[PDB]
Amino acid sequence: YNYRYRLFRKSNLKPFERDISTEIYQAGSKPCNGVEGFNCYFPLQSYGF
Amino acid sequence: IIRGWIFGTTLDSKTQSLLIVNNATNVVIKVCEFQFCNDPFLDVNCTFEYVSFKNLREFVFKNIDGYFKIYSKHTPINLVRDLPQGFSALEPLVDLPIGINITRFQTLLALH
Ligand SMILES: *[C@@H]1O[C@H](CO)[C@@H](O[C@@H]2O[C@H](CO)[C@@H](O)[C@H](O)[C@H]2NC(C)=O)[C@H](O)[C@H]1NC(C)=O
Ligand SMILES: *[C@@H]1O[C@H](CO)[C@@H](O)[C@H](O)[C@H]1NC(C)=O
Ligand SMILES: *[C@@H]1O[C@H](CO)[C@@H](O)[C@H](O)[C@H]1NC(C)=O
Numbered sequence: 449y450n451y452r453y454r455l456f457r458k459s460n461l462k463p464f465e466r467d468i469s470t471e472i473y474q475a476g477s478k479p480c481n482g483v484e485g486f487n488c489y490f491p492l493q494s495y496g497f
Numbered sequence: 100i101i102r103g104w105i106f107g108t109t110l111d112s113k114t115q116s117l118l119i120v121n122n123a124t125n126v127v128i129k130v131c132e133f134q135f136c137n138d139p140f141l142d143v165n166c167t168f169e170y171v172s186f187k188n189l190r191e192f193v194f195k196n197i198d199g200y201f202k203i204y205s206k207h208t209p210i211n212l213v214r215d216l217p218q219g220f221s222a223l224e225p226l227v228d229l230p231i232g233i234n235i236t237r238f239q240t241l242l243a244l245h
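One line per chain: the protein sequences are A and B, in this order.
The numbering of the first sequence is PDB author numbering, which starts it at 449 and goes up by one.
Counting with PDB author numbering, you get residues 100 to 143, 165 to 172, 186 to 245 for the letters of the second sequence.
Some clues are possibly wrong.
What the hints assert, rightly or not - With a Cα cut of at most 27 Å, we get these calculated DSS-like pairs of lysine-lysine:
(1) A/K478 with B/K187
(2) B/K202 with B/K113
(3) B/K187 with B/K129
(4) B/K206 with A/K458
(5) B/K187 with B/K113
(6) A/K478 with B/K206
(7) B/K187 with A/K462
(8) B/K195 with B/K113
(9) A/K458 with B/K113
(10) A/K462 with B/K195
(11) B/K129 with B/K113
As the list claims (entries may be wrong) - Simulated restraints, written as ranges between beta carbons of each label pair:
(12) A/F497 with B/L242: 19 to 29 Å
(13) B/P139 with A/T470: 22 to 32 Å
(14) A/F486 with B/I101: 46 to 56 Å
(15) B/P217 with A/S477: 51 to 61 Å
Claimed, not checked - Far from chain B, by Cβ distances over 10 Å, these chain A residues were calculated:
(16) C480
(17) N487
(18) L492
In case anyone wonders, no lab produced these hints; they're calculated from the structure.
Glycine included, each C-beta is placed from N, C-alpha and C at the ideal position.
Full structure from sequences and hints, please.
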């Protein structure tokens, strides 16, 4: 379960851009401000190999 | 007195920031998730690092397709008052494969 990708990004990748950031993102309207839940599904998902 | 630059987006350890520290022509460059002080000065995931009025220095910095490009020139001058007229062309120094987003910058000074 370790190998990882961001399931979302709030801006699409520039050519050869990298992004380490651990932001939860707005998956909806509400500013969740560090909460995970509806409007805020944390993006760094992983494969199940 | 002028000895470096900060470049990046949030500039606050939440993401990578290109830091250049210089003493004329020897240089340290890093891109790491730096936590700076609130007033940046030089006292008289760390994925990239590199190491190298009488006077005018000129530079052009541009960030394209995941590479950061620097051009420069040095010359002595006579106009103390302001940016001088006349013609000169900068030449490339370095091209760094750093892969980073940049929307803000700040200059770094050596203080007592
Ligand atoms: C590079 O970084 C900037 C932040 O400094 C990103 O700009 C923000 O993008 C969002 C949309 O994703 C906007 O809502 C904000 O208003 C933007 N802020 C600024 C200061 O412009 C920018 O999207 C990033 N570039 C890439 C390609 O990810
Ligand atoms: C430039 O400053 C760094 C410390 O920030 C130092 O390691 C380096 O030796 C200095 N080089 C010169 C030419 O003074
Ligand atoms: C690099 O990212 C990890 C989380 O993936 C974090 O724990 C670590 O502190 C970061 N390293 C630095 C130098 O900030």
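The hints, checked one at a time:
Among the hinted pairs, A/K478 with B/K187 is inconsistent with the structure: their alpha-carbon atoms are about 57 Å apart, more than 27 Å. Pair hint B/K202 plus B/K113 holds up; C-alpha atoms about 24 Å apart against a cutoff of 27 Å. Straight-line distance between C-alpha atoms of B/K187 and B/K129 comes to about 31 Å, which puts the hinted pair past the 27 Å bound. Annotation: proposed proximity of B/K206 to A/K458 is violated, straight-line Cα distance about 39 Å (limit 27 Å).
Between B/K187 and B/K113, the direct Cα distance comes to roughly 41 Å. Violation of the 27 Å bound is thereby established for this hinted pair. With a C-alpha separation of about 50 Å, the suggested pair A/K478 and B/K206 falls outside the 27 Å cut-off, and the hint is violated. Using a Cα cut-off of 27 Å, the hinted pair B/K187 and A/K462 is violated, with the two alpha carbons roughly 42 Å apart. Of the supplied pair hints, the one linking B/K195 and B/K113 holds, its CA atoms being roughly 23 Å apart against a limit of 27 Å.
Annotation: proposed proximity of A/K458 to B/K113 holds, straight-line Cα distance about 16 Å (limit 27 Å). For the hint linking A/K462 to B/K195, the alpha-carbon distance of about 15 Å falls within 27 Å, and the restraint holds. Of the supplied pair hints, the one linking B/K129 and B/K113 holds, its CA atoms being roughly 16 Å apart against a limit of 27 Å. At roughly 51 Å, the beta-carbon separation of A/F497 and B/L242 lies outside the given 19 to 29 Å, and the hint is violated.
Checked against the hint of 22 to 32 Å, the pair B/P139 and A/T470 passes, with Cβ atoms roughly 25 Å apart. A beta carbon spacing of about 50 Å between A/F486 and B/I101 agrees with the range 46 to 56 Å that was offered as a hint. For the hinted restraint 51 to 61 Å between B/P217 and A/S477, the CB-CB distance of approximately 54 Å keeps it satisfied. Every C-beta of chain B lies more than 10 Å from that of A/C480, the closest at about 16 Å, which supports listing it as non-interface.
For A/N487, the requirement that its beta carbon stay farther than 10 Å from each beta carbon of chain B is met, with the minimum near 20 Å. The claim that A/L492 is not at the interface with chain B holds, since no C-beta of that chain comes within 10 Å of its own (minimum 13 Å).
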